[PDB]
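Take a look at this single chain, the form deposited without the named molecule, given in structure tokens.
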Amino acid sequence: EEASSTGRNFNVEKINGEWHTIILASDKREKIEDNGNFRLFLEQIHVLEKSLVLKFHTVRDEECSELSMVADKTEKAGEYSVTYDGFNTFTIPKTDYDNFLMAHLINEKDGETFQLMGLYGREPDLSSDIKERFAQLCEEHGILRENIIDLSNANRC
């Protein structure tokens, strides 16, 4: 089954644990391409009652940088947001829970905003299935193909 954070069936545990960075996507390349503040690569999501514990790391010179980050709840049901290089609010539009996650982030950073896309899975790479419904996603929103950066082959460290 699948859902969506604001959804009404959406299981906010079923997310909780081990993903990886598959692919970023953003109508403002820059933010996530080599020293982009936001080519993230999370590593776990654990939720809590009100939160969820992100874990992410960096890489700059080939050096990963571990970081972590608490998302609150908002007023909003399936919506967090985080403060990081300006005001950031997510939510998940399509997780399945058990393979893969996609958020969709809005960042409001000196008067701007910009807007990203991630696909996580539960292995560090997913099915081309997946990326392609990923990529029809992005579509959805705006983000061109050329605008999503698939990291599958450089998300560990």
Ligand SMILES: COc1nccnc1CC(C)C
Contents of the next structure:
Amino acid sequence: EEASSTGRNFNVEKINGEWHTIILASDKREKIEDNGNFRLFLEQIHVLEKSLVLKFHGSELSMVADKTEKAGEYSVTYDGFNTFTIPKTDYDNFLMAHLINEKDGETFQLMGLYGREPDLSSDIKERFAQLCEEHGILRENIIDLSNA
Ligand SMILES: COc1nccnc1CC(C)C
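I have the form deposited without the named molecule already, so could you send the form deposited with the named molecule bound?
Time for the whole complex; same chain goes first.
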């Protein structure tokens, strides 16, 4: 079974626990390149009543994302103001996130593919490339980080 965070049947509790950054994508590639502030390696998502605690490394980094007024959307302050949703997850293998960052009057889109294991199948990675395409993000702006 698959779900979107904005969908009626989304079960947020089911995204709790271990996750790993597998692929990141951005319409501003610099943000996820070697010195980019968004080249972050997820470790876990802790689901709370009205928020998600996101644990990364990039040193250890912890972030609290709060529910917004629209179901399935969360906001967090990090290098600007961010809002994100989860357009597709199967809970047990993969999680695809779409994030909008606003900083200094500008914006960019970040997309992420996260896995329960430190890597994912090529088929799932292809589905992620398709989702990026739907959001106007070129494959050349998709960076596989599973070997990094
Ligand atoms: C600030 O968020 C992020 N930063 C870097 C990579 N991925 C995300 C998305 C979260 C939802 C896992």
